[PDB]
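Trainee: If you want the building blocks of each chain, they are given just below.
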Amino acid sequence: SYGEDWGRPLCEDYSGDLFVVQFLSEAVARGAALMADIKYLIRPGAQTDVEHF
Amino acid sequence: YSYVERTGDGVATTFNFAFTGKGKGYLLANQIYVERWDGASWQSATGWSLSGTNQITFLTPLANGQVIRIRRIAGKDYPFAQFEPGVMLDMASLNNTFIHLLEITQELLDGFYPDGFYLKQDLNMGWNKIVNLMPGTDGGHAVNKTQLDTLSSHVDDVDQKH
Amino acid sequence: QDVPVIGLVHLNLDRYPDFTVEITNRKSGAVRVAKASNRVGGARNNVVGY
Amino acid sequence: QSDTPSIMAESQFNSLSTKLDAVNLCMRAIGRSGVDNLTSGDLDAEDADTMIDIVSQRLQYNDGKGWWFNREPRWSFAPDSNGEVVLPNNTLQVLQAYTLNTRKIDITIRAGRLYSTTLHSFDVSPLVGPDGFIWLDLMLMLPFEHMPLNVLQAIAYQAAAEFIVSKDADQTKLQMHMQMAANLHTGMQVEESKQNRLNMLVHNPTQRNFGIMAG
Amino acid sequence: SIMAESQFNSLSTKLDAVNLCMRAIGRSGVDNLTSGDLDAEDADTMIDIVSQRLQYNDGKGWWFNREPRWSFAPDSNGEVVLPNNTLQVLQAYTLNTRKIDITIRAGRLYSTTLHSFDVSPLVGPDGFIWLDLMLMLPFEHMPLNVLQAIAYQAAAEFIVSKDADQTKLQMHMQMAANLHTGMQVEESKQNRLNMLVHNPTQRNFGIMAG
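Residue numbers (this note's numbering), protein chains in the order written: chain A, -7 to 45; chain B, 55 to 216; chain C, 171 to 220; chain D, 7 to 221; chain E, 3 to 212.
Mixed in with the good hints there might be a few duds.
DEER-style ranges, computed between Cβ atoms [to be verified]: (1) C:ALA200 <-> D:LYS110: 50 to 56 Å; (2) D:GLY89 <-> A:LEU16: 47 to 53 Å; (3) D:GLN63 <-> B:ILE158: 25 to 31 Å; (4) C:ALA200 <-> D:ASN88: 42 to 48 Å; (5) E:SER190 <-> C:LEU178: 46 to 52 Å.
Bear in mind the hints are in silico, worked out from the structure with no lab data behind them.
Idealized CB from N, CA, C, for every residue including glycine.
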């Protein structure tokens, strides 16, 4: 730019878009990992015994 | 009158107070308020319980020479009883109301005033004394002649070394 | 044994001065006093005279 | 000349603000008229007094937080050299302050003074903040007075319904009071968020952080 | 030879509202507001209770209750005192004014964040203080529609304070709501507003791109 001793990079012009991509990728990866987990559940008063199952 | 001063020392944990008037001297338990003297300020106290009609009980014994003050503050904004036609008119309310209205004036005679109080008019004392003042720190504070004597002493020493 | 729980008691009177009603309990022993007066606001018998 | 000062000077609204009027209102829908004095000698007079006091903090607490007047932002206690700090007067609940660079430490309120479970020491010297006086958020209990006019009406009707069901057993009177008081509570709770307004952005840490970037 | 009845128009007078409240129970209204009948007082109180309650309605009140921006200018001593009865008080939301919490204690207001009872540090730049509030004007000098609406609602509640037939209760409650929505449409007719110009984001979008 005029009156500038040093230049500027190209990625400076799209840092915002890159940050948006980073945020969305983090969100989708975290959601996939969180859904990949397994936790199971049994209803109280199950009338069944878990150890034999 | 209303306010009562008490000193505490030793194992003593129960303090008795007496107010002017019939019976217990007060209308509501909410009128009783407890204060503790820290030696510098009018700090309030905690851990007090009303055990008797005219006595209070602390949880722990007071320390050496601790000073407490039991006062009684009445309702400052409404009359004690509100009268309407068609209500069960009882005479006890009339007796209590007069005592309560007499009570609101009582501590004013003692010397208590609500916080945020200032005489906004030009007061006069008709050539009477003002006594028992401390030296003032800030410029807005008034000064006794103890400072005046100190300043008079100060001008003397500077003049004598002159 | 099947005893109702009394909520309020209404007394019908024709001539009455101020009086008191004493309540006593045979189990706790506490006593409660309810004081009644003949002065009721807005009534004829409210003049300071009589 | 003119008549505006003359005519409406006599006008009277007579709004309800005293605790006794709430008791007198609570003393209706039940039979006998209200008492002229708060103390009096009638047993039902102080029974209504107890109801107002009990229902006070119940209503003021809502579920979790109360209204805006119960809010009390960042405090400083600076616990004494003797030991732990005593909680001022009566507090409904105590929460930790949530400023930056402040680790989560447990605070639990016992009688007055608080207790930290993780330390298991009833005195809390070491968990004091760096040059900070254990900043935390709490909620006082205002008395029946020192409250807005609307909440006074809300607490009275709610207490009246509880008094009726304890005292009497009537479906019609009870049904109206419960329904009508609930109408006022929603009609009053609606403005609580309308007051001290907050929005999705800015306040939410992740939304504000996203807003600053890519913008 | 006889006083007769003075002409009444609609129900402007408070006494006539009590007479309507006295009715619906088979007893007629008293001629004088004070009189010596104990039941007129219960009706008299009931009108008073509803007035403070019905004007505030749900959240903000009607068009005549609310008052625009004021100026309080807290003194040198400290906080400023709210006038008589204020249903609710809010800070003015104009531009270049930071949002500072205002809370009303008994009478005069309070500041939770400053935690002090006075509000002196919260004086704005070159403007003392600006806030919005609503009064509760008394039973008289009212729009005539509220006068009839308030009477039926209070009378309907009055029924069930004293024994009333199911028939009398159900009709009055139905009409009290019906009369309430009858006046509520006029609220939009007065001080009418739209998304445009009024909404900050809609006006901002409107001026740009055009």
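Trainee: For every hint, state whether the structure bears it out.
Mentor: To see whether the hints hold, each was checked on the structure:
1. Range check, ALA200 of chain C to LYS110 of chain D: about 52 Å between beta-carbon atoms, so the 50 to 56 Å window is met.
2. Taken as a hint, the range 47 to 53 Å holds for the pair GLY89 of chain D and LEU16 of chain A, whose Cβ atoms sit roughly 52 Å apart.
3. Restraint check, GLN63 of chain D to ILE158 of chain B: a C-beta distance of roughly 29 Å satisfies the suggested window 25 to 31 Å.
4. A beta carbon spacing of about 43 Å between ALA200 of chain C and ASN88 of chain D agrees with the range 42 to 48 Å that was offered as a hint.
5. The hint said 46 to 52 Å for the Cβ distance between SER190 of chain E and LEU178 of chain C, and at roughly 49 Å that hint holds.
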